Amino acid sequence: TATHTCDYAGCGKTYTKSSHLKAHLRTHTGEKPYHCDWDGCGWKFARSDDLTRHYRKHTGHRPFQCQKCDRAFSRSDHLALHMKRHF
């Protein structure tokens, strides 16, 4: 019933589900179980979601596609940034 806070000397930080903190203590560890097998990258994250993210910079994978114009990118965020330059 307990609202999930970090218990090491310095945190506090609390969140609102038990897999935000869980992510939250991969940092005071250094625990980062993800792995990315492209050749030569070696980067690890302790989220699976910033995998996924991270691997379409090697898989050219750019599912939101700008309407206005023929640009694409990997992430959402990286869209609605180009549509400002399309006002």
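Positions refer to the first chain, counted from 1. What we label the rigid core is the largest C-alpha set whose atoms superpose within 1.5 Å from one form to the other. What changes on going to the form deposited in another entry:
- Core-superposed comparison between the two forms: the C-alpha position of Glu31 differs by less than 2 Å.
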Contents of the next structure:
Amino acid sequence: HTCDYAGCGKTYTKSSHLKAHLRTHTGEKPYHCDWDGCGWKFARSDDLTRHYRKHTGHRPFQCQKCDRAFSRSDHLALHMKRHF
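Switch from the form deposited in one PDB entry, shown above, to the form deposited in another entry and output its structure.
Here you get just the chain by itself.
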């Protein structure tokens, strides 16, 4: 698995990874936003999932030692380290 574009030599493990990377060279964005009047599109599926947080303000990851909640797991993981 290797990117065969103009000069890019980046190599990935799976083909799923390589296929996604090539979207940076083509600008293809297969993942559209179904929100009414948004029209946004993204290269990665997880990128679109985050954009839905904007419209919904959803925050599923909640700190069990606080009332705070977060949109992403890595946000909560860093907050938890603050409680030690």
